[PDB]
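There is one chain below, alone, in C-alpha cells, taken in the form deposited in one PDB entry.
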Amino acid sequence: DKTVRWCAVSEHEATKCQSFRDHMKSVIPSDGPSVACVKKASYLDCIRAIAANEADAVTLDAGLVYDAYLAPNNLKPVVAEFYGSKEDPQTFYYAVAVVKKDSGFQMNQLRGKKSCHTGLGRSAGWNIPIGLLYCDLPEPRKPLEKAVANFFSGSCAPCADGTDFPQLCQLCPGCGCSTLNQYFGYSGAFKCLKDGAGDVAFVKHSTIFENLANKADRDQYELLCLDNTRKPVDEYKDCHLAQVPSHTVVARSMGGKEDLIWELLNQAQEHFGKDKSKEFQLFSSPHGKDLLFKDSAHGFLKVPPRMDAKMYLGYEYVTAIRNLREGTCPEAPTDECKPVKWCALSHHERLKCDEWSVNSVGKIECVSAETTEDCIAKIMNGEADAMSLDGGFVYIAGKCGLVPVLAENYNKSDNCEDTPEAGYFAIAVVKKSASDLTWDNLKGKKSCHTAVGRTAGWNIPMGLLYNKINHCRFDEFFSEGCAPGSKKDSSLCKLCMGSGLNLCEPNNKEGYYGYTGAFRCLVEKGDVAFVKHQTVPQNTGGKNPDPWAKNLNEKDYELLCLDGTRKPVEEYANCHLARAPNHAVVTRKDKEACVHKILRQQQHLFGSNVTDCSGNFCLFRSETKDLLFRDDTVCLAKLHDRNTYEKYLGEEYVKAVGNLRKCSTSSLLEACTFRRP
C-alpha cells in the first residue's frame, strides 16, 4: 500500500511509532511514504515478523544484524544511522587492541599475557577479541570463561564469575561490574593498561583519544593488527580487530521495500530530524531512551543495494561471532596452507579450473560465481581465496580491502618470477606541426581514441582530464573525434570511417579502431591520439606497409606531458599520462602468504616449462581464450613492495579510474566505499 510497517519491541516504542505515524501523516502528501506500527515482544520476534511479511523494517545492533541474516529470515541492511557530519559520518566504530609501545608481542602470540576488558559480554571488550582468539584457546573451550582464564596469565574481565574462575579478576579482584571498579568499562580498561596492570586493552578506536588529550602521551601506545603487525593508534582504520556498524535498519532481502523505507526515513529526517522541528523529535525518546533509533543519531544514510550482512559486518566480525556460536576449530591444526579456492567467472573458466584442481592434487580448489564483482565479494567474505584481475578490477578490489600478490608477466626472460612488469606507458601523441597544442588546451580540439572503455585510448586520458570535464559528457570536451563504441550519432563518431553498419564500431571493420587506427585517425583527420609508447615507432620508418602509413617519420610526432611540456617519442618514460598495469592475482591479506606459496609450486609444475599441452596440463593455455589467466602469460611474479592497489597501479592510474568511476557506476565499489571512504 506504499506503507512501511515498522516493528516495535516495547510499549514505549509503540507510542513513539504512533507519534511518528500521525506526524508524518500531517506533513506528507496524500500519496507518499506512510507508516504503520506493529508491536512484538522482542527483537527476535520482530525479525521473524519481517521475514513472515508481517512487518517491514527494524533497527538493530551488529549482533542482531547477524541474527537477522541467518535462515529462514534472510534480512539485509538497507539504511544506517550516522553520528557525525556528512563528511565524517561515523556509521561504524572499530574494535581495537591497544598496547604499550615495544611490548614485544603480536596478536598471534597473546597467550600468557595479561588482558584488560571493558566488560564480559560486551562487543569490543569481549565478544570480538575472544571470538577471534577462540581457536588459540586450550580445550575444553566450554565454558568459555574458564578457557580464557587459562589462555591469559591473569586479567581483568568485569562482570565475570570470579568465584569459579578467579584468574579473570587478577587485575581487578571481584570483577566489579560497576564504575566502583576502576578498571571497568572503556575508561577503566584503558586505565588497566595505562597503570601497567595488563599488557593489552580491548576497547574502541576512540577510547585512547578520550582518556589522553596530549598526542605526545598517545605515542607510547599502539594497536595490534590482525596481520600480526603493530601501527600507531590513529591508524586504527588500517589496524583493527573488527569494524562494527552502530545501528542499522534491516528489511527482507526480496520484497523488503528497501527503497520505500529509505524514502520514508529520508523525508522523516528532513522534517523531524535533528533540530529540524519542535513538534516531533525523531531521535529523542520522551519516555524511554534509544526508542526506535539511538538518541545520539544525527541522521540516516542509504546502504548501497549490493550490500548484504556478511559484507556489511566484515569478515572479521563474522569470524568472531561464528567462532563463539558455532565453536568449530580444525581438529588437525596442521600448519600447511589450506587449498587455494580459485574463483571462476564462466562455464569454461570452471572447466579449466577443474582440470587444474585435479592435477594440483588438492592444492587447488574451485568456486563459481556469476560475475567478476561476485567473485571479489566471495574473496572478501572467505567463500573464495584467489583470482586474477585487470587494472580496473584491481582498483575496485583494492577499495574493497583485497591486495595484489602476483602480477602476470608477458615478457619472455631468464627470470621473470623476480621481475614484475609495470606494463607499458600510456601517452598522448600530437604532430610537431601544431605547436600550440598542450595538455591544457585540448578542449575543443580533434581527438583519436582506440575505443571507448580502453586503458590508454580512453580510461587513462579521459580519466585525468575529468577535472576539465566537470561532468560526465565526454564528447563535449573534444569538438570532434573517433571513439569506436560510442552512440554512432555522437561527435566522437564524426571522424570515424568504416562502413555504414561498421561505422564507429569497436572492431577491425572500423579503420580508426585500435592503436594503429587511432594513429591513422591522427595523421588523416585529427589533432591528438591516445595510444601506447610503441605505437609511433611500429608505424614509422616504413615498418607499416599500408598506404596511409607507408612512409612516415618517427620524428614528425611528439608526446604531450602532464605538466604541460613536450618531448620526443623516445622519451616516453619521462613523458606519459600513466602506466598500464598487467593483470594481477588478488586475495585477502591473511591468505597472501599461502596463495603466494602454492601458486609458485603450481607455476613450476604447469607454467611455461611444459611443451606438450596435449599430454600435460598448461596453466597459461586456454581451450577458448584467456581463462583464469591471459594466455600470453609467461609467469606469475612476486610483487615485493607493490603489495597494495595504490602501489601496484600508480598514482596517475588510480586517479584516472577513480574519477572515471564517478560516471560509470559499480555496485560493489559503492558498497566498499560506504564501509571505507
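Positions refer to the first chain, counted from 1. Between two forms, the rigid core is the largest collection of C-alphas that superpose within 1.5 Å. What changes on going to the form deposited in another entry:
- With the core fitted between these two forms, just one of 372, 284, 267, 438 shows a Cα displacement of at least 2 Å, namely 438.
- Residue 622: CA moves 2 Å or more between these two forms after rigid-core fitting.
- After superposition on the rigid core, the Cα atom of residue 237 is displaced by less than 2 Å between these two forms.
- In the core-superposed comparison between these two forms, residue 500 has its Cα shifted by at least 2 Å.
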The other form holds:
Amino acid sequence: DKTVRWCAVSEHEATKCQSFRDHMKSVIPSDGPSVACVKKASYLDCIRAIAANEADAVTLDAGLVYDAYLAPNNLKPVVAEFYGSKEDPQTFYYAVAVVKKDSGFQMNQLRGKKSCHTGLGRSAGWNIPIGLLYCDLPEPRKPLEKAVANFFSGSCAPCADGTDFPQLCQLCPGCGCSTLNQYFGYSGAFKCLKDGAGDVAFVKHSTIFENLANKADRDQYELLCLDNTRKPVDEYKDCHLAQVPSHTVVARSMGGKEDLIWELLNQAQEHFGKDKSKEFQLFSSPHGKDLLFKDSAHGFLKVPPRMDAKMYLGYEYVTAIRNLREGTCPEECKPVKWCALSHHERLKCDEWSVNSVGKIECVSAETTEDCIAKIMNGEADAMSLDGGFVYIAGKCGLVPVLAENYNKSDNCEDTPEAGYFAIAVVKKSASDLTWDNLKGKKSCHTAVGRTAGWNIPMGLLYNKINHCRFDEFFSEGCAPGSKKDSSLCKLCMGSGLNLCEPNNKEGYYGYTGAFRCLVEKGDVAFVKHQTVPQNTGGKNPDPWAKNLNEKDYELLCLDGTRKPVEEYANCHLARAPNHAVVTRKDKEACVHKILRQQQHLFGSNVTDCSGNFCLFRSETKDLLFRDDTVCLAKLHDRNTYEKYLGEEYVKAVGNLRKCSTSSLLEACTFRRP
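Since the structure above is the form deposited in one PDB entry, I would like to see how the form deposited in another entry looks, so please show that one next.
Below you will find a single chain and nothing else.
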C-alpha cells in the first residue's frame, strides 16, 4: 500500500498530521511512503485502533508502550525518537535516585528519609521509584500516596492532594502542580536535593548533568544502586532504577508495517527534521508542543526487529510498572527456572526438576537467543552457554555465575581452567586440504555464534579475506542458525522447518553434529579438541559414529601442518573460554547457591548414572551442559562477561562485530551501545 496511517489524539495533532502528509506528498515521489491521518480521542484509543488495523503508528511514553504491549493489543516498538546527535543519539533516559555524598544510607534504607519527586504520577519521579519500592511500602498500599507518606518521613510530591496526604508536601507546602513551586518538576526536585530539603531526588540521569556545571560538582553527589551500594553519578549506566525509552513509535506485531513506518520517518527527518526546512518541521508546530513527536527530538532510529516491549522497556522498568499496575505483592530462594534448548533438552531438565526436590523448574525455547531473552525478561533464570553466547548475554546485561570445568582434578569446584581448544578437523584421506585454501570447500560448524564452531575460525577467516560473506567463501556448509537461504544451511540434515535450526532437531547442531556433518557431507568441522575422541572408538554408539576411527581424522594447524587429533595442544586455532551459566544480577546469589547444592547431589560424585540422575551425564548431545562437564566451578572476581572471557576472546569476538547476524545482539547493543 505504502501508506502509513498515523494516529493523532487531538485536533491539533490531526492538524499537524495533515500538514505532515501534505509536505511529504510534495517531496516524496509516488513510489515513496505517504501518510494518512486518523484522529482518535486518546492515546488508549489510538492503541486499540492500531490493533484493529484501523491505524498503523503512534508515538508513546514508556508507560503506554507497556500498556500497548499487553493482551489484546500486542503492539511492539518499531521506531525510536532520539535526542542527541547522529554520532551520540540518546534514545533512553535513566531513572536514578540521586543523593548527597556521604549521607549514610542505601536503597534499602530509604524509609523515613525525605524524598523529592518531580510530580505525583510522573514516571522517573514516582511510578518507577514507588514501583520498585511497592512491596517495601506498609499495608494497606492502596491508596498509594498514603502508603508513600507513611514511608518517607516527609516529601515534596507536586500535584498531590495536600489535605489528604499532608506528609507528602513537607518540603513544598501545598504541593504546587505549577512551576511556581520551586521544587516542582525535574530541575525543582533536584533543587530540593541540592537545597538540603530532601535526602533523595527521583529524577533522570540527565537532570544531574544539566543542573551541575562540572564533574567536581557531580562528585558531591552519589546514586543509589539497587544492590544497596552507591556509585558516582557519572556511573548512572551502572547504577539506575530503570532504563526508559523516551518516545517510541509502536505498531502491530504482525503486519505492522514497520519497514514502511521507518521509511516514512527516515525520509521525513531528511526533509523536515531538526534544521532541515523552513517550510515544515516534524519537531515543532504553530498549533502546540509535542504534537505527534517530541519537540526536543533530533531524529529517528529504527528499533531492531528482535526487540519486543519487555526487552525494550527493560526488566527493571517492567517490574516497577507491574507492581503499581497489579497493586499486589508476593509474600528463602526462588526455585531456579532453567531454560532448556527445545524438547530434547526439556526432557532432561524435567527429570532434573522432579529429582531436584522442587528447587529446579524448566522453561523451553527453540533457540539459545530466545532462551537468553527469557532470562533477560524473567520468564527464566539460568542456562549454560558457549562463550560466544556468554559474550552476547553479557552485552544483554546477564552475568556468568559458574563455569563448566572439564579437567579432572581433586578440587574441581575451586580450580579455574584456562579453556578448551578450538580445532579444525579434516579427514586424513583428504590429504590435500590446507588451512590456506578452504576456499570453495564445505564447512561444518556447531552453530552460528559459538566459539569453536564459529567465532574463532570465522574470526580468523575474516582477517584473511576481510569480508563477511562466509557463505560465498565456502561453497556450502552447515552452520545451524544461519539465514535459511544461505549455502551454510545446505549440508544440514534437519527435516522441514528443522533444517538449519540451532537446536537438536537439527542433527548437525553442536560439537557432535558438526563432526557428524564432517563424516557425512563436509570437508572441515570446527569443534573442540575433545570431540573426535568423544565420538570414535565406539564411545558413541549411533550407527553413523560406531565404526569411526580416531586415526581416520586429522587436525589442521595454523602453520599449515597437520597433526593427529590427540595433538591439539600444538595444533589448534585458539583457546576457548569454558562454557558458563548466566543469569540476571538479581538471581546471581540464588543461582550460585542452588547449583552448587545440585551438583553435590547429581554431579560427577555419582556412581551409576543408570540408577540415579546425573546432571552432566555423558550422552551425545551436550544436553543442558556439555557431556564432558566435570563440575561447575566458582568464578571469584571474573564475574562479568569481559572478565570471565578475557581480553583475548573479547577482542576476538569484537573483531567479528561487522559480520554479526545475531538479532539479539543488535537489540541489546541498541539498548546499551
